[PDB]
Amino acid sequence: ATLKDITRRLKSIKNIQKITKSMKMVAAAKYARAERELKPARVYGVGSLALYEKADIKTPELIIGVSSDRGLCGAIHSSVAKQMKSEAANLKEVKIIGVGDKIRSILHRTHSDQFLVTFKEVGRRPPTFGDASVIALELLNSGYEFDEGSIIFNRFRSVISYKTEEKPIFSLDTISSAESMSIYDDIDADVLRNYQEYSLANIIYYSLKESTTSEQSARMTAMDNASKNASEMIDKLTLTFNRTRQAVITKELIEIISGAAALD
Amino acid sequence: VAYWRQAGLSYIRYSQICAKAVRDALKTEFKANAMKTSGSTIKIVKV
Amino acid sequence: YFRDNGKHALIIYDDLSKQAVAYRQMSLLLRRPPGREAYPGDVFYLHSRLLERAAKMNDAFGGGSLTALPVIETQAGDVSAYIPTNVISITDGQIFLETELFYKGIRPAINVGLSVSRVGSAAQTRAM
Amino acid sequence: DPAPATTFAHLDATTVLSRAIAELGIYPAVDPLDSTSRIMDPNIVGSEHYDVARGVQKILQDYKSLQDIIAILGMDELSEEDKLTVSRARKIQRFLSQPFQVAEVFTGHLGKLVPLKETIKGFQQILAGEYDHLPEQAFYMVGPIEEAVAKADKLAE
Amino acid sequence: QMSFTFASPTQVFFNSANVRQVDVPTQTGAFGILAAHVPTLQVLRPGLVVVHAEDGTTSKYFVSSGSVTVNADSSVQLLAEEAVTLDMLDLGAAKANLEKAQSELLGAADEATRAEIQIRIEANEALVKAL
Amino acid sequence: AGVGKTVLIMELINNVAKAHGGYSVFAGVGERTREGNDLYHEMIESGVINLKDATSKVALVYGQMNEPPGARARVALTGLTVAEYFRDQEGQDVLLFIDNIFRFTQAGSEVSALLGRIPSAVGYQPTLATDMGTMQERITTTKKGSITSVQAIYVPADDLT
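Residue numbers (full-length UniProt numbering), protein chains in the order written: chain A, 26 to 86, 92 to 121, 126 to 298; chain U, 2 to 48; chain H, 299 to 426; chain V, 369 to 525; chain S, 37 to 167; chain F, 208 to 368.
Some hints could be false.
Here are the simulated SDA-like pairs of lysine to any residue, each with C-alpha atoms no more than 20 Å apart in a straight line [claimed, not checked]:
#1 A:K64 / S:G68
#2 V:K489 / V:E416
#3 S:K96 / S:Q47
#4 U:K47 / A:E172
#5 F:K212 / H:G418
Derived DEER-like restraints, expressed as beta-carbon distance ranges [as the list claims (entries may be wrong)]:
#6 A:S195 / H:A421: 56 to 66 Å
#7 A:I290 / F:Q343: 29 to 39 Å
#8 F:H227 / H:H306: 22 to 32 Å
#9 S:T93 / A:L74: 22 to 32 Å
#10 A:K112 / V:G393: 33 to 43 Å
#11 A:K115 / S:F67: 14 to 24 Å
#12 V:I412 / A:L273: 40 to 50 Å
#13 V:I412 / F:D365: 52 to 62 Å
#14 F:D366 / V:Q435: 23 to 33 Å
#15 F:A336 / V:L484: 53 to 63 Å
#16 A:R158 / V:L484: 54 to 64 Å
In short, the hints are calculated from the structure, not lab data.
No residue lacks a Cβ here, since even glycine has one placed at the ideal position from N, Cα and C.
Kindly generate the complete structure, drawing on both the sequences and the hints.
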């Protein structure tokens, strides 16, 4: 075409290159942190599962997405989205809680009525246990409790990876009557619950913190993707550019001279 | 169910207040981190 | 004349861009070659010789000076156009002004990177 | 370039070889949606071909739109139908690719020929998604579409 | 031996460390979980944790709440909502808080509030333990 | 630019041309009077030109903008001619500063047109290479010493295409 078109191109790509990077490093910073800060959490949340581990409780009656509030700086949400609608088939009672508004976003799939609550903007200034407790607390109250389901969140895994998790979500003190419950004795539909609770909180927090971490690596990654792309793409054009540019000149010199040399 | 599970009270509800009360306790130095470590950017909707 | 009269003058050449055109026009009209970008080649020389006549003189010349502000008006940032490029290779820097800022109201509207005093920093007020 | 520009005037069927395609190692090398014959017809080519082709042409053209998009947008958040097509297009592409029948020296394969209906059908089939829950690999350097499926199987391993 | 995992969301202090005993401010009050103490699940009270670690140490702590978990397995999990070494609490604050807290109790008037103030008061007590 | 590029160069001269008994020729190609001045004092100042000592180790030859093309164009051959004198005659390993040869080149092209000749696309005299070649080939290492060429080279149009 012309260099115009090209620059018009270039312009943006370059912009992009930067933008992507802005978005990248920032993301990475958040991410870096998010991970970092994740250590006690890691333990803690890993902790959360303590006995859910050593005996899961079954609910023949608690799906709950957990994502961030934004995405498309990755298909982060799409993973949970997947995993939650997929979930929803399986389930009982499907009333869902979306922590993440990128959860709201995906969920509308009979999941505008089947939300129970939604929690929001947990990224963009991080989530916390404070939050976690919040989401935890109110969640309970609602005649929705255990209805099985999952807590579907982005479980961070490594810088380069996370795998979006889904859980069994059980809180019926009753089947946590059954089994092992006895065995590691000291139990009551109190303490049960007041762990069930607490581990709901622990997880809720945890998961959430994973989620966000996963995203932060994912935006960063998305921004990765892009910039790598960007850079080549630029690379390519710029030549072609140049060429045509030169092409001009040359041609043009032609057109001019020897196009309007003695011959015109 | 007594006063932190009141008649009701989440163990959370309680708990968080406990912990919060701990946060309230302690020194300030630490409390900078406190709320920071117990945000609740959890804005809420039902949908 | 001032320079040799130990006197310091500023000539603002407004615009030599227009000269180049005229001259090219002239060259070509003379049915005689021009040069590069169809513009006469030694128009650079032309100007070089013109502009070398702007200088900062020693004492023998009364210390006078002839300060030159040549102006070239870019068309769509096309300094690449050989002739602007020319001018650059002579100049002691070039002062890039950017419209975007201007339109932004940002006035000075300068493109900073491109605004240059090549080493014009050997005549700067300590205050500054 | 003027020359080709002229050329077109006289042409009846244009076989446009695409360096872009070629470079992907592809032999055939064609720019497909440039390689044409004016006598594109629901009549002459009959509508079956014609339409199938038009559908194809379309999808490829559409896909073409997408290249640009994915190029710059990575991929991954598109309509999944697009995702499908993209792959399909590649199958189609691949299917359009044929090994060389004389240039086993180049290919290390024999190349084939596809009786036209098996071809129309072919695309209809891919279009039919009949293959499209499969790996994309097999279609490459193929002759008749069934065999591409056959080739799929061996690859489905 | 008992593997003591001591953490708060904030920190992990011990992670299944071969501690011989941890004596816990569970809502039991305590039960001072011995390496030979039946696995048991507990919700944590606000009180102090003492980590008799098989090392000639008992380490001091206050935890607010949470749950402690005594697995069948050698591992004990203090999952402390707020977990502190007594080291970081503020005595000064406690007293001051405590008067105030009680005061508020005097003005508490929902079962819950009362609970809460009292909780708070208590909190200051459970802190006061140390403090 | 102006970073003490020249200075570095002076330093090089210093390090080498002193060290090994190399000498220097400076061809101020497309130099501003100003820049040649700059150098001038830089050398004066540095005392790598010494207008009272033969520790003026540099002959400065100037082929500046302000000249007619031919001169600037030819300043290249000229500068060479001196160094060859030093090289063969004075056995030298010469350091030859030709700075900025690019403008020389420009001059070649400038004239090309005005030699009625077609220069080429991008303006360039079509002989660009031969001009160069022939020039370069004078510059070398031989059984006579070396003419070692320190060439200021502009990234033309910041392009190279």
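Query raised in the report: Lying within 23 to 33 Å: is that true of the beta-carbon distance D366 of chain F to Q435 of chain V?
Result: Given range 23 to 33 Å: holds, Cβ gap about 30 Å.
Query - Distance restraint evaluation - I412 of chain V, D365 of chain F, Cβ atoms, bounds 52 to 62 Å - result: The hinted range 52 to 62 Å holds for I412 of chain V and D365 of chain F, with Cβ atoms some 57 Å apart.
Query raised in the report: Okay, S195 of chain A versus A421 of chain H on CB: inside 56 to 66 Å?
Result: holds, 59 Å
Query raised in the report: For the pair supplied as a hint, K47 of chain U and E172 of chain A, is the alpha-carbon distance within the 20 Å limit?
Result: holds, 11 Å
Query raised in the report: At the C-beta level, are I412 of chain V and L273 of chain A separated by a distance inside 40 to 50 Å?
Result: holds, 44 Å
Query raised in the report: Does the Cβ distance between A336 of chain F and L484 of chain V fall inside 53 to 63 Å?
Result: Since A336 of chain F and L484 of chain V have Cβ atoms about 56 Å apart, the given range 53 to 63 Å holds.
Requested in this report: Could you grab the alpha-carbon distance between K64 of chain A and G68 of chain S and see if it respects the 20 Å cut-off?
Outcome: With Cα atoms ~28 Å apart, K64 of chain A and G68 of chain S exceed 20 Å; violated.
Query raised in the report: Do the beta carbons of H227 of chain F and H306 of chain H sit within 22 to 32 Å of each other?
Result: The hint (22 to 32 Å, Cβ to Cβ) is violated, given that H227 of chain F and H306 of chain H are roughly 46 Å apart.
Report task. Go ahead and decide if the range 14 to 24 Å is satisfied by the Cβ distance of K115 of chain A to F67 of chain S. Result -> Because 46 Å falls outside the window, the suggested range is violated.
Requested in this report: Indicate whether the distance between the beta carbons of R158 of chain A and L484 of chain V respects the range 54 to 64 Å.
Outcome: Hint holds: Cβ distance 59 Å, inside 54 to 64 Å.
Query raised in the report: Are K96 of chain S and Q47 of chain S close enough, with their CA atoms no more than 20 Å apart?
Result: holds, 15 Å
Query raised in the report: Would you say the C-beta atoms of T93 of chain S and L74 of chain A sit inside 22 to 32 Å of each other?
Result: holds, 28 Å
Hint violations for this structure: numbers 1, 8, 11, all remaining hints satisfied.
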